[PDB]
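Every protein chain except one is present and positioned as in the full complex.
Chain nomenclature is as follows: A, B and C, assigned in order of appearance, with residue numbering initiated at 1 for each chain independently.
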Amino acid sequence: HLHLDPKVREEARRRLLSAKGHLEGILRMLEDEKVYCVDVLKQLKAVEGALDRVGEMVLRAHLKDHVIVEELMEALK
Amino acid sequence: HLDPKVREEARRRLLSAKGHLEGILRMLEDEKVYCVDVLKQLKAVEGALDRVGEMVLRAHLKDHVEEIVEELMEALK
Amino acid sequence: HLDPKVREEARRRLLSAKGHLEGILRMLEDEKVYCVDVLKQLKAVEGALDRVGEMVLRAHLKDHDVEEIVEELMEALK
Partner (left out) sequence: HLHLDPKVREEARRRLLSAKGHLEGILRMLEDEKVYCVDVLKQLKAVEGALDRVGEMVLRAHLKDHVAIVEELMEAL
């Protein structure tokens, strides 16, 4: 629906690849025996923080374009 | 140590979340992007992550001073 | 500027939120406290605040210097 600026696209793709790499790390850690509950929670929050950052970039580009409301709101909620 | 059963369930759930994350990557690697669809997919993945975080916290809590609480709050905050 | 009707609705909703907030204050000013209820009341007040922010955001959006506009918004949304 939008031809995203390659710069924002490549930037978002980099942050998600990182998020993905990080999630694969948690998956591997979950293969170990002495894995701590707190470590899992912390790392999950880290992946979440990275996704939020990508969401902001996408939201930014979406708004700049349109600056529709119900659909946007529905997505933010 | 995180319960082995929760560990297994967490692995299964995060593997799917990881697959979902790659779907978002593919959406971005396309020149045309539906920003709101992407925002929704991101929230969906965040929701799946939250559910696993919820499951691990619950087991960690059912299980259960200063050190304990301190580490938990650190993980939560 | 923020729609006059929105400012009005926002004041009414925030006045109740404030009244709710004082209730949490009274709960704490009590030597005996139900932690779980206090956590629930807080989340309830947080929800009322969110609904007001939601209303204000919506009106702000329905209305819409693109660059500057988005910059400020994202700054508010933080």
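Just so we're on the same page, contacts are C-beta pairs under 8 Å (C-beta built on N, C-alpha and C of every residue); 3 or more make two chains touch, one makes a residue touch a chain.
Among the chains on display, the ones the left-out chain touches in the entire complex are B, C.
The omitted chain makes contact with chain C at the following residues, 1-2, 4, 7, 10-11, 14-15, 17-18, 21-22, 24-25, 28-29, 31-36, 38-40, 42-43, 45-46, 49-50, 52-53, 56-57, 59-60, 72-73, 75-78. Even with one chain removed from view, chain B keeps its contact list with that chain: residues 54, 57-58, 61-62, 64-66, 68-69, 72-73, 76-77.
Definition applied: only the chains that are shown with their structure count from here on.
Here the spacing of chain B and chain C, counted between their Cα centres, is 28 Å.
Averaged C-alpha coordinates put the centre of chain A at 11 Å from the centre of chain B.
Chain contacts: chain B has no residue touching two or more partner chains.
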